[PDB]
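*Asks:* Listed here are the chains, written in short residue letters.
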Amino acid sequence: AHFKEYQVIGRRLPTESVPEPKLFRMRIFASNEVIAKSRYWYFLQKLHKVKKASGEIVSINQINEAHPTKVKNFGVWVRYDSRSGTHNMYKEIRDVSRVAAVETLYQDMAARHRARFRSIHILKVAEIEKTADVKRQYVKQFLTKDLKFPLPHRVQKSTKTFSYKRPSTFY
Amino acid sequence: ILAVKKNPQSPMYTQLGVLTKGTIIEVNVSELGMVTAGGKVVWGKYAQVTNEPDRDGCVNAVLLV
Amino acid sequence: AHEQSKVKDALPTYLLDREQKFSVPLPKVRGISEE
Amino acid sequence: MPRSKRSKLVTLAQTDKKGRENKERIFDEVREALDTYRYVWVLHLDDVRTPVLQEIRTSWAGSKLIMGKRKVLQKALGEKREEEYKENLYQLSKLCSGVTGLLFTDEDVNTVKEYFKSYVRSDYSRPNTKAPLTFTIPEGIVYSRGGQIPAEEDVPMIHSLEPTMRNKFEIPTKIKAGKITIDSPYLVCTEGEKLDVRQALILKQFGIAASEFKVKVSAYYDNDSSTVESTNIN
Amino acid sequence: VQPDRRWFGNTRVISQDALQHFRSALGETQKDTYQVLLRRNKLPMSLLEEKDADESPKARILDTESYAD
Amino acid sequence: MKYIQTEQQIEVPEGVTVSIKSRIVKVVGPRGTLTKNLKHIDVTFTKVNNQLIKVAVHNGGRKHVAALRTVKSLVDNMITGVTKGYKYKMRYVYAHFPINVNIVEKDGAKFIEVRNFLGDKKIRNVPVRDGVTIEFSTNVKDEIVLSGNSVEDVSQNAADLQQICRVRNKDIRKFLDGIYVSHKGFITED
RNA sequence: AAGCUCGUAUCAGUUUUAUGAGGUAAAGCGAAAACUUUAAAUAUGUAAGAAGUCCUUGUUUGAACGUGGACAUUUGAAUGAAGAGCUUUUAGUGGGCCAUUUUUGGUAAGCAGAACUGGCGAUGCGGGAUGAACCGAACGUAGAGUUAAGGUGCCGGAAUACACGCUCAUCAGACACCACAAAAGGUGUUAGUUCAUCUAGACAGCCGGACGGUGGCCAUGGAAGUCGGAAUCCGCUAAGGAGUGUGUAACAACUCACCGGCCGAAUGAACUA
RNA sequence: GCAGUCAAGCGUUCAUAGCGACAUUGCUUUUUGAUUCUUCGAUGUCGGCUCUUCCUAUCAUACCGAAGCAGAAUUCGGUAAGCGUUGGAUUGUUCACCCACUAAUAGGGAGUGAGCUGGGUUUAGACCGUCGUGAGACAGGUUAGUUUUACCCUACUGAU
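Protein sequences appear in the order of chains A, B, C, D, E and F.
By UniProt numbering, the letter at position 33 of the first sequence is numbered 34, and the numbering carries on one by one without gaps.
By UniProt numbering, the letter at position 41 of the second sequence is numbered 237, and the numbering carries on one by one without gaps.
What the third sequence shows, in UniProt numbering, is residues 67 to 74, 85 to 96, 117 to 131, in sequence order.
By UniProt numbering, the letter at position 158 of the fourth sequence is numbered 158, and the numbering carries on one by one without gaps.
By UniProt numbering, the letter at position 5 of the fifth sequence is numbered 75, and the numbering carries on one by one without gaps.
By UniProt numbering, the letter at position 41 of the sixth sequence is numbered 41, and the numbering carries on one by one without gaps.
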């Protein structure tokens, strides 16, 4: 969709001989808050034996970008279960914010590996602070001095159904 | 072969002599040269047929030892 | 075989140098009708 | 290149790649022998028949001869002043160019510089030198050795190597009865010519050793004084 | 098929005295052209055959020089 | 993987002038002029300084970048053609029936006549191409030399001469008659 | 319905609580996995007030059994609400397919027998080109608006919309579908995982070395690394097999396995989608 | 087919719990091309004229690739359905096999009771054999052993 990133802090319910549990926290990518809560409970129950029935959501907030207008490179690490045995995977995405990088990663996984939103688990999104640490060549080829290139050839948009001019793809 | 000792799924077929799969038959084993304690010479034992010999010609059997 | 070629029952003298419960193996076979 | 790529050729032979340990052992041996002798020469022996090299070796069983990767010898000695086992070495390490070449010894300088002065063997052209002779293949049956022996003692050339001279050595030949024959005069090399790649092959095919090969020296180092002395012998 | 100790039991043993008797009583036939057979008294017949020969059939030459030799 | 740009370079010697309009290349040299039409290849040409011409592909795939070094090689071949020229050398062999080769003009057409092949009576003609000169080399019996500015004419004519004399329905281990290509070099030499 | 005694705050294809039953660990932890200390459900039975509580105690004090008064409706969980029970008898019916969810048994492969729950027959309407079992859907007569399922190049009402990738098929593909040939074969293309080589210079190319005992032993007309058989060692090296192919009647000659020289930055193998 | 051996992978991780491709051995009669004188129960229908058209899984004709392919004649393959693919003898049976001509005598589908008939339809008869106490029935065998339309609408062929 148009994703957002939430911070969800949950906790097991209080009880005698165990007051004040240990307040676990997660960063989740989702389109609204209900999906974020659902993912939090899913991942807790998967990690260990806590249950929505026995826990509670202490807080849930939104995390904005600190510099939403500065181009950055991220490395993304993903694990997903489809179709046979799982496998981890590291990709590089050059974009402007963590949310948009994740959105394009999801679209790309859908395009290639027949993967949907409930098969994919984002493990880490980390900015590559130092150049020459980027690995992938399809990103590396955008970091050269004095870069110039022309727009794709032979495209043009029209609205009339009849034209009198035999257009030119100027060029 | 020397007899059809026992055919499953009926005694009437045991009488008639039918050789379906699972049948227990009695074979002459003088070619294997078996000798029993006390020094006698076995020449007849039991085997089980292990195929459907209506989908081929051979009757295949495993000795019972 | 080639790769392995780099690093690397009591028969008599006349028998070497030569060569070659009470259940039944098949219980409960399928059933055949009289038809 | 996910598909449509060159399938490399696997082959079933006994020997294996030598690996990094060989470079390391060589670089260790040269440096740990560097402080066992006193005079360290350098040689330029490029196209050396291994039997000749072995004769040079055995001409004294008291001194060690080392051969290896050029840059490995440099890494043993030292590239800049700011790294070297012993002192002032770089001034000969900056000179070794071809197939070098390192001679340890425990003998006076003059005996060695005269041994390497009075030595030469007879050999083949080793191309891109000058052609020090002018021979033409006679215009009949091309005999095995080329035509420079008494031809009535020679045996006619075997049939099996006609396509080499007809394709690669670019010599117009035909096949009459089993002898290989030529009918037009042929010139291989003109005496005093830069020899391209094919003429050395055509010459080595006829077994005429007509080249002087002498080992040469370019630099030198004496330990108990520790300063190089570059003397040129050829 | 139920399990049972028969089936894994010998059924038709025979002894050396009977073997020798029957083998000696196959070279004394004296067929009568007017006697007809009524029953045959099932016996192990591959042990009582094999009168003596004088031939000793040919040896297999294929075990030494196959064909590529 | 859709590289942003792929590039090659064509070096030009000091006698020839290449001139490239839309995609119709024309090279003029010390030996003649050659023209080629590359309008089916989708590349961008650029001149650097009178001795270097860069060819480029913007944002191209694997099959599209494959056809770039081939354009480079065609233009290079044209340049070496107009400076050095090409000379192919063919030879004919025979056992019993001599192959009799001749050049004959049939209404201003310059065919090559091949008679007596294996005793045949058919008169095989191969039409010489326009731009490639042909002559029988002396000092060597049974040798025909073709020369010219273009490779794709010399080599094709040699192919026609070679393939006009196949041996049908015989053991090509025993029957060795034919016309085969002996050498492919330059006119200069050396 | 005939009809009449009864809408009596009592009922219910429902949840909650108490408790049994599955006992599978998947809570979770042990006295040297060796538990039962104990979950969370999965549908599985029963129970949750007036025919009920207390006082007081006569018979075959605890067991049932008799007795003489106190006890009030937020009177003993939640949701919904008025259509359960006898008598008369009176009409039709009394034997069958599809699918899902459990269970048992099955062989070439199908499947067969039990049980629950939906569809059909008795039933139109919208969609799937066309359809009894597929997706939607509360059938009087009309007006207006909004939608379901399916769709939107033209047939044909509705974007030749927007954004990111993949694909070239000399019968592409657009499927009652996730079953059948179905596991592999391909120098088609794209992404990914794990191991390696590498400025003491990788991968591809050219050029040089490729040695000595030694034509190693047995074979036989001839077998010198290369028709065969048994070993497969030693020396010298940077490296060089008692030898990967071409070749000879036997040799010679070329070649790679392995080293080095020229050049200069990334390369290779296996594997998954 | 049955009983094994192997061993790349798969299987939650896993060899060894298990599966398990490709390879491999056991034998169904006799090591010297000797004649094998099996020819052993189809319970239901094949076999044959006249005439079109289609498939390719190709016999011949055209063109190619490979073989100890010297020449001649062959053998194994690729494209290809344009063209052709015969005359007779045999029912004490023809779910076949013979001998000739030929370039070759390939395999099939649509079939086909309204364009034709042979065993086989069964009947009306009769006799013989087997069975039954008998009337009768059949393990059989022999003989006898009738189906005709369009004058309607379409399709096809010609004609106004």
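Treat the hints as calculated values from the structure; they're not laboratory data.
Even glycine gets a Cβ: it sits at the ideal position worked out from N, Cα and C.
There may be inaccurate statements among the hints.
Stated by the list, open to error - In silico DSBU-like cross-links for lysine-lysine, where the CA-CA straight-line distance does not exceed 35 Å:
| no. | chain 1 | residue 1 | chain 2 | residue 2 |
| --- | --- | --- | --- | --- |
| 1 | F | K47 | A | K158 |
| 2 | D | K174 | D | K86 |
| 3 | A | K158 | F | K63 |
| 4 | A | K141 | F | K2 |
| 5 | A | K161 | F | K21 |
| 6 | D | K71 | D | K174 |
| 7 | F | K184 | D | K179 |
| 8 | F | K84 | F | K72 |
| 9 | F | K47 | D | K174 |
| 10 | D | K204 | A | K131 |
To be verified - Each pair of labels, with its calculated beta carbon distance range:
| no. | chain 1 | residue 1 | chain 2 | residue 2 | range |
| --- | --- | --- | --- | --- | --- |
| 11 | B | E227 | D | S7 | 25 to 33 Å |
| 12 | D | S7 | A | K161 | 37 to 45 Å |
| 13 | F | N50 | D | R198 | 32 to 40 Å |
| 14 | E | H91 | B | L198 | 15 to 23 Å |
| 15 | F | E11 | D | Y186 | 33 to 41 Å |
| 16 | A | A112 | C | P121 | 54 to 62 Å |
Claimed, not checked - Among chain F residues calculated to face chain A with C-beta under 10 Å, some are:
| no. | residue |
| --- | --- |
| 17 | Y3 |
| 18 | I4 |
| 19 | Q5 |
| 20 | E7 |
| 21 | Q9 |
| 22 | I41 |
| 23 | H58 |
| 24 | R62 |
*Asks:* Are the hints correct? Go through all of them and say.
*Replies:* Status of each hint after checking the structure:
Only pairs whose Cα atoms come within 35 Å are accepted, and F:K47 paired with A:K158 is accepted, the gap being roughly 32 Å. Distance check on the hinted pair: D:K174 and D:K86 sit about 65 Å apart at the alpha-carbon level, beyond 35 Å; violated. Taking the CA atoms of A:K158 and F:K63, the gap is near 28 Å; set against the 35 Å cutoff, the hint holds. About 13 Å separates the Cα atoms of A:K141 and F:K2, which keeps this hinted pair within 35 Å; it holds.
Our distance criterion of 35 Å between C-alpha atoms is met by A:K161 and F:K21, whose separation comes to about 34 Å. Between the alpha carbons of D:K71 and D:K174 the distance comes to roughly 50 Å, so the proposed pair goes past 35 Å and is violated. With a C-alpha separation of about 27 Å, the suggested pairing of F:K184 with D:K179 holds against the 35 Å cut-off. A distance of roughly 18 Å separates the Cα atoms of F:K84 and F:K72; the hinted pair therefore holds under the 35 Å criterion.
Between F:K47 and D:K174, the direct Cα distance comes to roughly 51 Å. Violation of the 35 Å bound is thereby established for this hinted pair. Among the hinted pairs, D:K204 with A:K131 is inconsistent with the structure: their alpha-carbon atoms are about 59 Å apart, more than 35 Å. Separated by about 56 Å at the C-beta atoms, B:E227 and D:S7 break the suggested range of 25 to 33 Å. At roughly 55 Å, the beta-carbon separation of D:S7 and A:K161 lies outside the given 37 to 45 Å, and the hint is violated.
About 36 Å separates the C-beta atoms of F:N50 and D:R198, a value consistent with the hinted range of 32 to 40 Å. Between E:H91 and B:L198 the beta carbon distance is about 22 Å. The supplied range of 15 to 23 Å therefore holds. The hint said 33 to 41 Å for the Cβ distance between F:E11 and D:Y186, and at roughly 36 Å that hint holds. As the Cβ distance of A:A112 to C:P121 is approximately 56 Å, the hint placing it in 54 to 62 Å holds.
Interface restraint check: F:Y3 against chain A, minimum CB-CB distance 7 Å, threshold 10 Å, status holds. Taking 10 Å as the C-beta cut-off, the interface hint given for F:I4 holds, the closest approach to chain A being about 6 Å. Below 10 Å, beta-carbon pairs count as interface contacts, and F:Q5 has one with chain A at about 7 Å; its hint therefore holds. Interface hint status for F:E7: violated, as the beta-carbon distance to the closest one in chain A is roughly 12 Å, over 10 Å.
Interface hint status for F:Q9: violated, as the beta-carbon distance to the closest one in chain A is roughly 19 Å, over 10 Å. Of the supplied interface hints, the one on F:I41 is violated, with its beta-carbon coming no nearer than about 14 Å to a beta-carbon of chain A, more than 10 Å. Interface restraint check for F:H58: the shortest CB-CB distance to chain A comes to about 6 Å, inside 10 Å, so the restraint holds. Residue-level restraint check for F:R62 is violated (minimum Cβ-Cβ distance to chain A is 14 Å; threshold 10 Å).
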